[PDB]
Amino acid sequence: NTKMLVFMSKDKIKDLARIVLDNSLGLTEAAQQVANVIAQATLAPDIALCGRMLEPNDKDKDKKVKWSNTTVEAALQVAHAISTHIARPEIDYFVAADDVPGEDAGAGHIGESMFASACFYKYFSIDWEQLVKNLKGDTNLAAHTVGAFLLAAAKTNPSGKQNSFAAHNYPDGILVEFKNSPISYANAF
Amino acid sequence: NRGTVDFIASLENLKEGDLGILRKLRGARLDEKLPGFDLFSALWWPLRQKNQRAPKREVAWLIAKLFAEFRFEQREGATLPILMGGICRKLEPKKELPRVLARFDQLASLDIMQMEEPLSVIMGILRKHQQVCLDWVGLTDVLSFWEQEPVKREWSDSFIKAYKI
Amino acid sequence: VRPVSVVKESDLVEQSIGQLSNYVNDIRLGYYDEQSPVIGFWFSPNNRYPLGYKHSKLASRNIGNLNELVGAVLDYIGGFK
Amino acid sequence: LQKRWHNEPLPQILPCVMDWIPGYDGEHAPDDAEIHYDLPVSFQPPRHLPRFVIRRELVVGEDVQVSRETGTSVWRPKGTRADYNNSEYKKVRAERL
RNA sequence: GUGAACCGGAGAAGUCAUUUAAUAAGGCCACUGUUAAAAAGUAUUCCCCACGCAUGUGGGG
Numbered sequence: 013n014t015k016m017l018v019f020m021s022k023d024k025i026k027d028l029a030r031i032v033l034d035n036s037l038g039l040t041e042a043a044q045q046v047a048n049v050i051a052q053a054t055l056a057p058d059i060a061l062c063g064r065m066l067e068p069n070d071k072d073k074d075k076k077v078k079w080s081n082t083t084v085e086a087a088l089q090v091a092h093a094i095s096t097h098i099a100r101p102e103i104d105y106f107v108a109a110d111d112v113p114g115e116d117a118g119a120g121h122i123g124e125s126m127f128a129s130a131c132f133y134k135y136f137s138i139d140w141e142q143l144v145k146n147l148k149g150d151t152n153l154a155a156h157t158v159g160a161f162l163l164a165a166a167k168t169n170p171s172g173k174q175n176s177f178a179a180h181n182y183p184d185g186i187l188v189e190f191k192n193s194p195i196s197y198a199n200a201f
Numbered sequence: 003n004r005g006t007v008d009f010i011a012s013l014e015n016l017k018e019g020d021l022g023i024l025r026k027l028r029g030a031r032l033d034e035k036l037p038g039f040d041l042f043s044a045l046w047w048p049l050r051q052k053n054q055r056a057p058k059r060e061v062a063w064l065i066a067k068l069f070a071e072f073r074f075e076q077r078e079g080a081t082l083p084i085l086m087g088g089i090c091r092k093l094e095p096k097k098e099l100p101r102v103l104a105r106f107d108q109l110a111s112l113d114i115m116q117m118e119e120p121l122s123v124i125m126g127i128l129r130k131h132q133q134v135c136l137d138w139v140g141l142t143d144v145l146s147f148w149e150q151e152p153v154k155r156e157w158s159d160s161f162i163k164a165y166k167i
Numbered sequence: 033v034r035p036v037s038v039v040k041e042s043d044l045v046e047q048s049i050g051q052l053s054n055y056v057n058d059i060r061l062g063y064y065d066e067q068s069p070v071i072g073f074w075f076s077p078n079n080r081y082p083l084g085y086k087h088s089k090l091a092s093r094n095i096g097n098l099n100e101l102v103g104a105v106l107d108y109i110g111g112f113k
Numbered sequence: 055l056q057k058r059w060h061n062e063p064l065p066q067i068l069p070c071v072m073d074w075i076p077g078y079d080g081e082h083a084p085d086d087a088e089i090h091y092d093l094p095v096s097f098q099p100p101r102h103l104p105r106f107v108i109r110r111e112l113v114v115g116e117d118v119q120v121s122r123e124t125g126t127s128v129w130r131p132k133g134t135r136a137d138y139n140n141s142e143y144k145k146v147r148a149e150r151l
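Protein chains in written order, with my numbering: chain A, 13 to 201; chain B, 3 to 167; chain C, 33 to 113; chain D, 55 to 151.
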């Protein structure tokens with residue numbers, strides 16, 4: 013496998029395959045074409061808001077393989093989600109029962125998991141101009157991305173231990189603002 | 003000296019969090035900031051159990067803190083006096099050379115407990131000229147037997163040999 | 033014959049006394065056989081420095097006052113007081 | 055020849071200064087024989103007479119074997135030891151507990 | 001009890017007076033610790049000491 017992760021649009025990957033599909037191209041030229049198609053394939057709503065930072069290896073790379081611009085400026089500024097009160101972490105003793113009777117009692121496994129409950133405050137910030145510029149001037153795709161992001165962030169939860177806690181709650185207060193300078197109301201808490 | 007080699011290799015294997023933990027503890031004792039004590043105990047204790055020899059606790063602590071502040075790739079054949087002489091030779095021979103040589107010669111007068119800042123200025127001069135290597139194993143071995151006269155004699159002689167050529 | 037070189041774990045006097053003890057031990061293991069016993073007394077103020085701790089009693093006595101050593105030597109040589 | 059500390063080198067040619075012996079056949083000494091004035095008679099009115107003395111040499115190893123130094127070292131303070139596996143400490147700790 | 005024995009190189013002294021290391025600076029850029037679980041359990045409690053046909057009571061760890 014690759015030593016480092018590569019972020020790229022899916023729709024261009026077939027073109028990548030074509031670079032390997034041609035047996036008339038030398039290895040250096042094919043590598044340069046692969047570098048070009050990897051560096052240029054950034055038109056996707058995914059990267060648009062999350063950006064990218066790709067650093068090809070220098071101790072291993074062959075010479076004559078130049079690289080174009082790979083960094084993508086982000087358009088999302090998600091802050092960490094923090095509770096609005098003093099946290100109260102709790103422990104949870106658990107065992108693993110054995111279905112077959114034995115000479116001794118209990119058996120299985122013994123453990124102490126952890127859990128907590130809180131009321132959180134969340135922050136999202138989308139720079140409209142940077143998002144539009146990142147999508148190469150498309151406005152319909154930017155509006156679709158904004159609407160899908162609002163609907164997703166309004167109605168999704170992280171999938172951490174949902175098979176045993178199932179905290180599928182919904183938010184009960186949302187403030188949507190359109191300003192020129194980003195501001196945070198986390199100082200209320 | 004295999005214990006010193008294992009100590010230095012374990013120091014290179016460290017991640018960035020405990021490296022920052024050690025970086026924040028420069029100039030400090032061992033009795034405060036418990037994560038530093040726990041990390042140093044985890045680093046140093048397995049050496050004594052398997053290997054009969056082990057570097058001294060003060061020397062090991064000083065080496066760990068200096069490595070945290072002045073991260074250098076460990077390479078055999080890059081002892082501190084040789085690099086210091088190579089730096090000193092490409093200097094003005096009237097004013098800068100006596101000052102830097104005085105800062106170097108201050109080192110061979112103290113004990114282990116007071117060598118931190120006089121070594122840190124030396125590593126700062128090294129980092130100023132963009133070094134990429136340092137013999138931590140040889141420096142640790144020399145610092146262990148710092149009270150033997152031939153050790154200091156060979157230290158000074160190696161510095162003069164590198165300076166002269 | 034080997035000059036005394038100081039270490040952080042000892043003094044100049046301590047190392048000299050220790051080297052004297054080592055030489056006395058080596059020569060007691062050598063020439064001075066059981067032909068005649070050798071009687072010696074060792075003195076340091078208030079037992080400041082021991083000459084050969086234990087070491088099969090290299091020194092026959094350990095003294096912590098000058099008057100006691102003078103009296104011991106006098107009592108050996110004639111028993112006079 | 056008895057050696058001092060292990061690093062110390064040794065002289066390679068050992069001069070011997072010995073009295074000249076006539077043997078009653080070689081009645082006349084060689085020209086290298088030199089006169090020293092240390093043949094005593096008395097001590098309170100000190101009186102000396104000369105004597106013919108010659109000087110030869112010896113080679114170490116061929117003529118005199120280098121002896122080995124006795125068991126000795128420069129005195130160092132005892133750095134003690136360390137051992138827990140030791141059963142005596144393994145029982146001393148039980149007595150303490 | 002030795003070209004030896006008996007056998008001080010000693011007395012006097014302040015290295016002093018003067019001084020800013022000053023001027024310029026971003027460590028930046030990318031990231032799900034995720035996956036499985038009853039705190040339940042009667043068939044001999046680990047030990048001292050008073051009586052009994054009880055199919056055990058009392059006190060001590």
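It should be emphasised that the hints constitute simulated quantities derived from the structure, not laboratory data.
Among these hints, one or two may not hold up.
[As the list claims (entries may be wrong)] Only pairs whose alpha carbons sit at most 27 Å apart, straight line, appear in this in silico DSSO-like list of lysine-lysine: (1) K173(A) - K134(A); (2) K145(D) - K86(C); (3) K144(D) - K58(B); (4) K73(A) - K17(B); (5) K154(B) - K145(D); (6) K17(B) - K71(A); (7) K52(B) - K145(D); (8) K40(C) - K86(C); (9) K148(A) - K22(A); (10) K148(A) - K173(A); (11) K97(B) - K163(B); (12) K58(B) - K40(C); (13) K89(C) - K145(D); (14) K71(A) - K130(B); (15) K97(B) - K154(B); (16) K92(B) - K154(B).
[Unchecked claim] If you want a taste of the chain C side facing chain D, the calculated C-beta under 10 Å gives, among others: (17) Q47; (18) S48; (19) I49; (20) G50; (21) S53; (22) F73; (23) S88; (24) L90; (25) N94.
Positions of the beta carbon are idealized from the N, C-alpha and C atoms, including for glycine.
Hint check:
1. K173(A) - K134(A): Satisfied, since the Cα-Cα distance of roughly 21 Å is no more than 27 Å.
2. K145(D) - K86(C): Given pair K145(D), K86(C) holds - Cα atoms ~26 Å apart, limit 27 Å.
3. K144(D) - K58(B): At roughly 26 Å apart (the allowed maximum being 27 Å), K58(B) and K144(D) satisfy the hint.
4. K73(A) - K17(B): holds (26 Å)
5. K154(B) - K145(D): Judged against 27 Å, a Cα distance of about 45 Å means the pair is violated.
6. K17(B) - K71(A): holds (21 Å)
7. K52(B) - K145(D): holds (23 Å)
8. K40(C) - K86(C): holds (24 Å)
9. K148(A) - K22(A): holds (17 Å)
10. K148(A) - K173(A): violated (39 Å)
11. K97(B) - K163(B): holds (21 Å)
12. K58(B) - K40(C): Holds, at roughly 14 Å.
13. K89(C) - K145(D): violated (30 Å)
14. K71(A) - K130(B): Since the Cα atoms of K71(A) and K130(B) sit roughly 25 Å apart, the hinted pair holds (cutoff 27 Å).
15. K97(B) - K154(B): holds (26 Å)
16. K92(B) - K154(B): holds (24 Å)
17. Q47: holds (6 Å)
18. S48: holds (9 Å)
19. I49: holds (8 Å)
20. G50: holds (3 Å)
21. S53: Status holds, d = 7 Å.
22. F73: Violated - the Cβ of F73(C) stays beyond 10 Å from chain D, reaching only about 21 Å at its closest.
23. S88: violated (15 Å)
24. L90: Nearest chain D Cβ about 13 Å off; hint violated.
25. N94: At about 18 Å, which exceeds the 10 Å cut-off, the nearest Cβ of chain D leaves the hint on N94(C) violated.
Of the numbered hints given earlier, the model fails hints 5, 10, 13, 22, 23, 24, 25; all others are met.
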